[PDB]
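All protein chains but one are shown in place.
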């Protein structure tokens, strides 16, 4: 499987690096998409190479989507192409993993009304206003959508997402 | 004229300091309310003293409210007492100034349905989902609510807010 | 009303941003002059665009001068052209606002003998040795010269400077 | 199964956080041991709670050992008790995972003579002088010892370590 | 000989550490005096232990004085006791070494009128207004006063100061 990550500068470092390596362990191919080629730097200073830009992503070529948190989702959600990628993959029923501020991209895509999930508690009212049935749990699984809240939930977040990709 | 500020650590420094001094120029008494007494530190490292805690605020004692941005509103909006202060003052028709992420507190208060305003563009979809008629302008004035987007709007933000307090 | 600012990297962020927006509120045109075009960054990391270089400034084209503090004045005062701009505008009786280390430029211009004002207390002995009658006050107004000491004085500093430009 | 981590301040953040969550996914109990109770902070600023001090560790109570990298191993290897824990667990054939500078603790334990493994390439000559058959590979498995070199190897490092704990 | 250093937080790190070790090489005893006991931290993050406070210094007990630069001299020069120590030792003809912003303390002591020396070029006009015959040289020796400008002058600064202490 080809797993796409939508992110940008000021991503929450462990929320990108943890699923990146956890999914590589399974033999899945992992791709970082962002605004431009080169590198992006997390809140804590970890640097990662960008594999492709949002403009070059064909959503049909990717099988699963991961949305790390941090401050990057508020930048990503203003890019119409990045939001279109998330709208298409999520609405087609492809596996989507979000954590922390990651689901702000799904709010902007207009795909969460009636869906059950979680997020960083600081944006729960925004998830509720987007029609989410918000749950305070380390991991929520709602069909193709696997959601978690904070870095302390990483173990449970990918435990459930890896099951979805099997 | 007693102006209350609702804020916390990681406030956007100039969005707190600019209205604080602009309103002191007019002879208004300015008060910083936060989670605990002592000091709070902005994103850029400026420190300010907390005058009172959210639990000690009686909203009837304050005439106007300022909501600076940064990452502080996502912490403030999880405090039921801080949200109740903003709900009471805004719903009473008292002057309320918000900028950048500041209106996340008003979203949580449930007072923005059908109101017209702006915010940091990164949360415009959350403002729209809360019932705001969102406008991309340096300053919007909707009755008692004066809203702006980013630090570049400071001059226009307080130019309009000062007129409401006269 | 064209207001010129003489500054450089490591300016005290709020001492530049506060008067910039306060004077824009009045409808005055504000200009940042520095060593080179592009951007300059304050002590706390705020970035601002440089409008023109010291070499391109014709002091006859500007009506008032603002001298923010920080570590920038110690760099600015070594530039003969920047010091000549401050000498000409101050000695012509045009309104000049200084705060914190800002008057180090006026010391270098040789215009403060027998004038009354203030500064960051750490350089009061240097102001006294330049012939200033130094006062420990949040704001001092001596004809065209409006001086303040530290960021806590911002409200009083521009309250008096705005009156001079009216 | 109880997994012990030996670490200190300036640990490489992802080298501690990644195996911590990867092993919690399997249902293993994970324990952070360091010099004192309270918290320790990684090179990149992530902070983690210390579960117990080196003096309180009884090696017989733990089933497996993880040695993250960063600058922490050079501090840990000067603590005779921490080195004795690593010596006892490694020499008893319990699973031991090391990455980056992590095996400096095993060098100090005197247990690597005639063993095959890897490390951060910057200390390969020190591993060779301790009697290691050094291999430049993302992961090496030598009986109970699973070793990796850098953060890019995380996926392979725990892929092999998890197999040892099954 | 007992060499006293007058300094505080935000000292220029190499300007304190270099003379400290260079004078210890000669067998001189070296003492750091500051506002309070404990430690002080330089601009670049080096930490040094404070040996005694300004209040506990008896200038008669010290044979030579060193004044490092950085931002510390602007804090030190506001302390009447620290300025009195520098006034007494300098006016008694004891060896005094200054570099960079270090001579701001001697300006405040009122001992430089007619003396020949140098400093950080950014404060040369303040040295001139204090009556200094200012020279642009890596090191100036004027009787008991050895002065230098910047970190690049360290080699020449202590080359001359060590000769004075022989």
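A, B, C, D and E label the chains in the order they appear, each numbered from 1.
Everything that follows uses one rule, which is that contacts are C-beta pairs under 8 Å (C-beta built on N, C-alpha and C of every residue); 3 or more make two chains touch, one makes a residue touch a chain.
Partners of the chain left out, restricted to shown chains and counted across the full complex, are D, E. Only one residue from D:75, D:88 or D:149 touches the chain missing from this view: D:75. Among E:8, E:14, E:40 or E:82, only E:14 touches the chain that is left out of the view. For chain D, the residues touching the chain absent from view are 71, 74-75, 77-78, 104, 107-108, 120-123, 125-126, 129-130. Hidden from this view is one chain, which touches chain E at 13-14, 17-18, 20-22, 24-25, 44-46, 151, 154-156, 158-159.
Methods note: only the chains that are shown with their structure count from here on.
Common neighbours of chain C and chain E under the contact definition above are absent.
Chain A and chain C have CA centres that are 48 Å apart.
Centroids built from CA atoms put chain C at 30 Å from chain B.
The set of chain C residues that touch two or more partner chains is empty. Judged by the touch criterion defined above, the protein chains link up one after another in an open path, with no loop closing it.
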